[PDB]
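Right after this comes chain A.
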Amino acid sequence: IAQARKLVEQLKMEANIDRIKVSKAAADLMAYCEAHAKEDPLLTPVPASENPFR
Partner candidate 1 sequence: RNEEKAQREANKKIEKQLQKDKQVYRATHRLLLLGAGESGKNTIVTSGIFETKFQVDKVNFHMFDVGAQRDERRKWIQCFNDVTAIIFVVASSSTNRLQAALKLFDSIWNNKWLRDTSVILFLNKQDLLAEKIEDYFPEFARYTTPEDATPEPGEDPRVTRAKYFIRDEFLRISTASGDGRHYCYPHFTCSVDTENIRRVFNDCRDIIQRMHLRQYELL
Partner candidate 2 sequence: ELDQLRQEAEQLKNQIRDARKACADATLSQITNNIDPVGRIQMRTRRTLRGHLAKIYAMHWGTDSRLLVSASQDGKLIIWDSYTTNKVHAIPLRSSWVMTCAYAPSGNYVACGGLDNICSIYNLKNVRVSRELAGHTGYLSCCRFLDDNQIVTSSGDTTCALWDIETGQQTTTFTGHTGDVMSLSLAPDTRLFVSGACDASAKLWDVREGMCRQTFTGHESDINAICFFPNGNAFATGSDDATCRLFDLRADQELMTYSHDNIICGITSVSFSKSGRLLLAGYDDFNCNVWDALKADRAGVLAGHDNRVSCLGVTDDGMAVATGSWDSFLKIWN
Partner candidate 3 sequence: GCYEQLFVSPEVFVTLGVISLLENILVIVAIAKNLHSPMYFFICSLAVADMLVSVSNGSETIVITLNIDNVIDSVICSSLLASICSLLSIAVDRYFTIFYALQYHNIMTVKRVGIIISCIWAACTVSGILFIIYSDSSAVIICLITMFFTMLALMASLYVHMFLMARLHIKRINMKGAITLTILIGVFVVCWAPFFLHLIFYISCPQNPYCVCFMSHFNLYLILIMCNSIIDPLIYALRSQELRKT
Partner candidate 4 sequence: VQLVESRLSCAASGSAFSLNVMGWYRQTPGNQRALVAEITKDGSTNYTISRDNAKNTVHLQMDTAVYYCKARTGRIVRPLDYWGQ
């Protein structure tokens, strides 16, 4: 059948995508996470006067 013909087309389409090394992506994610270490009200404790839920 022609169903298998379409699958090869998408494989060719997705086999020509530029990719970067894993180290750079991991470094970017690590930098973003560290740049928001003390910026979220979950990991850093919230004082009782700031959390609306009390």
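The candidate set was assembled so that all candidates are chains of the complex that A comes from, given by their letters.
Heads up, the rule we're going with is that contacts are C-beta pairs under 8 Å (C-beta built on N, C-alpha and C of every residue); 3 or more make two chains touch, one makes a residue touch a chain; residues count from 1.
Of the numbered chains 1, 2, 3 or 4, all belong to the complex, but just one touches chain A: 2.
Against candidate 2, the residues of chain A that register as touching in their complex are 1, 4-5, 7-8, 10-15, 17, 19-23, 25-30, 32-34, 36-37, 39-43, 46, 51-54.
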